[PDB]
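In the form solved without this ligand, a lone chain appears below as structure tokens.
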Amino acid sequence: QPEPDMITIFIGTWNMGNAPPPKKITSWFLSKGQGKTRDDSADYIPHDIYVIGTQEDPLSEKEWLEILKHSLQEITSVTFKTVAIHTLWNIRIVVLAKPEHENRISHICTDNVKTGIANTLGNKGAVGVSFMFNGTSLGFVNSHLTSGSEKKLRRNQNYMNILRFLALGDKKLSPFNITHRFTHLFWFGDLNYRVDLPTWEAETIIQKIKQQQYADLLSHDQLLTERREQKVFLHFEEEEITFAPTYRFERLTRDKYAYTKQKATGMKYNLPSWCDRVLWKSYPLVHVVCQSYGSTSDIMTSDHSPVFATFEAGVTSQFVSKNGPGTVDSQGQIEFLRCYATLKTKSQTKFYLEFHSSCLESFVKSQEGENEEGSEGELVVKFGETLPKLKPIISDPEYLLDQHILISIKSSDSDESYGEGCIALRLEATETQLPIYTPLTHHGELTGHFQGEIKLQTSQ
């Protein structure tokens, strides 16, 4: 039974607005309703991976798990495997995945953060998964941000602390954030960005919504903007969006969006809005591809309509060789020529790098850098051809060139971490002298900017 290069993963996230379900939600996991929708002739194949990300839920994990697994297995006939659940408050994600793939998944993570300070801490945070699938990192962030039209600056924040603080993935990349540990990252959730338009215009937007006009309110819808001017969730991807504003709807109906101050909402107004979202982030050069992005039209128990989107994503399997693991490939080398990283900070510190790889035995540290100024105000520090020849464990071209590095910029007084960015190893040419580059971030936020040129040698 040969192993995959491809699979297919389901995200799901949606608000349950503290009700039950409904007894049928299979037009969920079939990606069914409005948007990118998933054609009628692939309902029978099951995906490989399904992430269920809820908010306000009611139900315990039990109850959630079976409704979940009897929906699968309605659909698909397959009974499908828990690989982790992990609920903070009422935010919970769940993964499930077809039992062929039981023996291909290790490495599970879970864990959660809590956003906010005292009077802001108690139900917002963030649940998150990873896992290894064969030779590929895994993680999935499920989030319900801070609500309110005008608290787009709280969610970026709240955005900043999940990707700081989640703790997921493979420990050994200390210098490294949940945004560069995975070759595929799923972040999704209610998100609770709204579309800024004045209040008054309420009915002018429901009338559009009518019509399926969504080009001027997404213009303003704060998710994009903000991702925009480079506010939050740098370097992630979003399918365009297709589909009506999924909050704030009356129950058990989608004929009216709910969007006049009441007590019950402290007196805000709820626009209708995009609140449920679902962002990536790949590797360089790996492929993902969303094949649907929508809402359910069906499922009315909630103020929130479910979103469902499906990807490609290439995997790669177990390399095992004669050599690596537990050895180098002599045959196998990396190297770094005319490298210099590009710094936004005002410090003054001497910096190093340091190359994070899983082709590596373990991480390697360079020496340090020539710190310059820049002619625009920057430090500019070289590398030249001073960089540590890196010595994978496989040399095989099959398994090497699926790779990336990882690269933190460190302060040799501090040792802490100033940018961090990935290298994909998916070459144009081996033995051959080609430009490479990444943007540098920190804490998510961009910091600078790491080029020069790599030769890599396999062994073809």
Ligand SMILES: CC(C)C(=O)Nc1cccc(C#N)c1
The other form holds:
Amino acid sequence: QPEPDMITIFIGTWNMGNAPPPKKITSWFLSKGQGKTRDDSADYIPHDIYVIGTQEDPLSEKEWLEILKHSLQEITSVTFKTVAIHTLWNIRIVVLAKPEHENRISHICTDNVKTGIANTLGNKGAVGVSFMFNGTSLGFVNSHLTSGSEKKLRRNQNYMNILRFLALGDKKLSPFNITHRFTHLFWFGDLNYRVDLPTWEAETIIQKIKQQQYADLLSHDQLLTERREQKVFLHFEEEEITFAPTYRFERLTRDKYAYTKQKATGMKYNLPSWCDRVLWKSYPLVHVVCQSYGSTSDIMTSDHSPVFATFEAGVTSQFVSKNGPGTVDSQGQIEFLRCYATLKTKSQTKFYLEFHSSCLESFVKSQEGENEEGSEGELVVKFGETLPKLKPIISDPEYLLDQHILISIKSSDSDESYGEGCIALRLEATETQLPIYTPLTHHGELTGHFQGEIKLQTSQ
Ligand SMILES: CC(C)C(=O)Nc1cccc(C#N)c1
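Here we have the form solved without this ligand; I need the corresponding form solved in complex with this ligand.
So here's everything in the complex, that chain up top.
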């Protein structure tokens, strides 16, 4: 049985509004309703992995697992294996996989982050799962962020707290947060960003929704505007939204948006909004294609509609050669030329680089670079030709060209990372000097750039 080079992943996010689900929710897992929907001809075809995020979930883990497993069984005639389930308050993530994948899945991690302090430490935060699927690392984050049209800053703060403190993936990757630890990272949930238009425009917004004219609404979506100003979800992707706002509905119909301020809303308006979202961030030059992104029309127990997204995602095999794993393959090397980091830091201290990759027996520390002043005030850290020669465990190009090198630039004085980034080895050529580039972030904020040239030696 050959190892896959591609899998399909279903991502679901549903804020259940503290109500049990209806007897049939199969439309969700089939990507049927509004938006970018899945072809009817695929309905019997199971996804390889199903990742379900709920918010305001009133069910026990046992109650929800029974509904999810029985649902997928009715659709596919396959009995899914439970990879992981983690719940923080009423925020839950379930990962299910086809039985044929049981022995391809390992290194399963779960974690949660509680957001807010005293007042605001109450019910918001994130849960997450990570695991290895053969040679591919996969991360999944379900977050319920701060509610309310006037709290987009709080939501952006909740995001930064979750990405700093959610402990998933390989703990040996100590300089890197979740936004660098995974081949493919999926981040979804009730992110609670709103359509930022005047209250008096509520009926105009509803009219626009009824005509399926989303352009003037999405131009005021707080997640799109905050992302365009690099305030949140830097370097993440989202498929185009072509479905109606998923919040806030009257329960038991989809014919009506409930937007007016009530005691129950803290006297806040809930203008129709895309609260419920799926974003992803994959390593450079890895295959990832969104094949669906939409909302169900027929599940009406909550004041939110479930959202689905499906993805084709590139995966690699667990490679074994005569040499690595367990030693280096002297037929392989990675060299770096004319390299320099440009940093936004106003500080003047020495820096060195760390290289981390599963293609190396362990991480590699460089010599300190030489600091120079950029023409526009920047700190430029010059490595020139001084960066070490990296020694991969496997030289076969079918392995090495599918790998990535994570880079951290660290203070000599503190050993603290000032910026992290990622370089693909999927080069246009081997044994050839080629430009490389990565932005550098710290706590998911842009802190600089790394550029230079690479020269990759493989066994071919
Ligand atoms: C007890 C549960 C959470 C568990 O360990 N699940 C698991 C582990 C390894 C592979 C797969 C699959 N498929 C599932």
